[PDB]
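Presented below, as structure tokens, is a lone chain in the form solved without the ligand.
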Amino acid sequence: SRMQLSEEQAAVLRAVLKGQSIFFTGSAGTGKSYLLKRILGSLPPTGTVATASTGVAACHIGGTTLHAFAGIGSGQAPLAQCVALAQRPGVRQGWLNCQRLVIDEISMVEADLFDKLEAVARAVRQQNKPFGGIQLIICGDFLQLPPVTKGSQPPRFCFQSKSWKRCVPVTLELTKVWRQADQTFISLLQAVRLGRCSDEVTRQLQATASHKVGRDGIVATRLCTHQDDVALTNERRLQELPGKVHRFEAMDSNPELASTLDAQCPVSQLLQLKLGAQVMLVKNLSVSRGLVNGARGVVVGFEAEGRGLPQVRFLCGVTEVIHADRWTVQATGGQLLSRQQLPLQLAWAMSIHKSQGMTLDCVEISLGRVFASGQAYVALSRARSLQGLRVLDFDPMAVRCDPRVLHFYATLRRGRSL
């Protein structure tokens, strides 16, 4: 028995099943991605394409990246060239067979890209209708991570596309936060999302600098803005441990394409561990035991036999032997790639981009610098509880809302009751 959809979630599902192209939006942890999974379950799978803007977000819903589905290269080539790319075997069939296109984490899709995809859809499908007649089912939060670009110009938000409102004529909202159960923390997060750091909000975030977020032998994951710093931190902390290194090598269906798998999986080709290593579980092994995607633990031993698999103690108190798992990546043109590896990554540090869409419960962040719009909010809103969060050097300068996004949302609401 599925959880009970809220009335707001039910209204989105109703619209989708009526065939309406929609955008649905809501704060972090309002159940957008969960609702996509419910929508996907409710639809005939033939003709239904599940995508997200990022690899990390696509895996959450069992889908592919928007980039892989589109099959237009970077998207920076001239339109005619993108159309020709979309016409390639495997890519073309994807476009033609698509009746419904799900896109999670839309805030990272820049307007110029959306325009290109819209034009490609019409050309490949030979349908003179918005987005080639595809039913779009889009969600995300424009107050979370901002758009990225494969070019060099300042990206526009997806809603700035001249085709946005024609393509998603209806917007619905999810307004109840579920990730956090604590109303004090819910209200704090909403202040941050809107860029309203009163004296009280700042003091409450500053108070978290004293939080003990870990447990015996488990330390906080430091959320960082850039992968360089993540890598360096994880490598150095592992190097510093006195234990000998235990290695686990991935088995890929096509080892030549290990680079493409590395970019769309949360585990690496070569996993190195020691006693004491700080790790993140990156598969849902057991919701009832708390062994879920994002759970933080520490390696407490290695089995004597066989491969010498790691024993990991998690924040919840469960100690489990971590066995092999598998990922299948839906790459461009219908190609599938798989990787077998243990579902562990080092987690002294993690990038905020890689945390996108996740729930976490043992995190530290330094918020004394200018960040991208929405980026501090994403980092803070990963935590299930305020007591799993440690904010160092907080300054409201870290919390920025792009005025374009506030304007969008205000417009959206103009005719609404609340």
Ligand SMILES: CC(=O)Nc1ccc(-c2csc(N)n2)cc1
Second form
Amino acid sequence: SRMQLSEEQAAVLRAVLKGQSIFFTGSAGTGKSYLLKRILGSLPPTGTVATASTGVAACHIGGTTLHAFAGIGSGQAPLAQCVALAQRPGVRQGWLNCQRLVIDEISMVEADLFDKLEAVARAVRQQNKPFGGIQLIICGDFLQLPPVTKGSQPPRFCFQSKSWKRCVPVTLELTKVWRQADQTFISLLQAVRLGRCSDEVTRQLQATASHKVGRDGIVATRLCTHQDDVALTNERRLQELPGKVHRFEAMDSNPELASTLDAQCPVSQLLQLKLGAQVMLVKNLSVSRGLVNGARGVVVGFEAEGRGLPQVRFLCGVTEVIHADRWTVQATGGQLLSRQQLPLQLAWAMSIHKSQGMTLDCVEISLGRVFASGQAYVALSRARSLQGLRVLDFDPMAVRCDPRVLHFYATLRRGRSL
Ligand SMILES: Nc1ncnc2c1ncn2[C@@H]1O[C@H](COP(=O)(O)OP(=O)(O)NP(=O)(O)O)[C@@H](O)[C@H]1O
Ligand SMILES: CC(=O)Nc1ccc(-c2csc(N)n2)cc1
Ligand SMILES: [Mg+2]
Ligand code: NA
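Can you give me the structure for the form deposited with the ligand bound, which would complement the form solved without the ligand we have just seen?
First the chain shown before, then all remaining chains and molecules of the complex.
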């Protein structure tokens, strides 16, 4: 059986099944992505397209990227050239057959791109209504990760698009945090999300610097702003371990398209492991045994037989041999690509962008620098519990909310009861 939707969650589902285009929003861990899964399960699969702004986020809901669905290249070309690309075989059919378009993590989509997609929808489907008449089902949190751009200009938030409100006329909120169980931590995260670091908030985050978050042989994943820093840390730490290297080579359906696969898949072509390697499980294997996406462990052995698969001891307690898994990604024009590989990544470090949408339970972050709006909040709001979090050098300068977003939220709630 499945969990009981809150009243707020049920209201969103009601709107969607009435055919209403909607944006629904809420703090980290309010069940937005979970509700998207329930929505997709309640709709006919024909005519329903599941996307997210990013590859990492698309994985959480079993969807494709909005880039891959649109098939307009980067979206930087002139509109007429974007339309021509959208008319290509397979791409075109995707636009024509789409009756309902789901988009998670809307906060990373910039307004100029939204405008472009809206216009492409109209041109390709030859329907002179907002977004070509597609029912839009959009969610995310504009106080989380900010918009990116394939161009060179400062991006606008998606809600700045002159078509935003016309395309998503209804807005609902999820207000009950589920990810964290502890009210103290929930209240602390809410203050951070709104950029309200009181002396008490700042004191509580600084106190985490003393947290021992690692257990026997497992150490915290450091969350970093940039993948360069992640790659160098994981490689240096692996190198310093004394054991022999064990290698696991992925099998791809189209090796020549590996880079397309890489954008939408959490595992690498070449996985290298040693005794003592710090690893993250990047696929749900068994919710019951705590073997879920984000679970942290350490390699404690390799099997003597066959491929010599790794034995991994996880923080929760279970020790388990990790077998091959498989990811099938939906690329442009409905093309499918697959990768077979062990569902493990090295995890002495991880980028904040790769943690988007995830729950983690053994994390360290240094928060003494200016960050992107919403980025400090995303990093802190991944942790299930205050005790799996160690913040170093915390300073409220790290915590920034874009004034455009505070103004958006205030306008949104203007007529509401609370
Ligand atoms: N009705 C519910 N009752 C209990 N737990 C729930 C409910 N809805 C969602 N959850 C749990 O809440 C946790 C967070 O859900 P998730 O869908 O990741 O939230 P989110 O709002 O998408 N998070 P984020 O992407 O970080 O903003 C998951 O462990 C869900 O199982
Ligand atoms: C689509 C995609 O690229 N996903 C993804 C998710 C998580 C990670 C990860 C976990 S620990 C680490 N160093 N990296 C890598 C990749
Ligand atoms: Mg989510
Ligand atoms: Na990847």
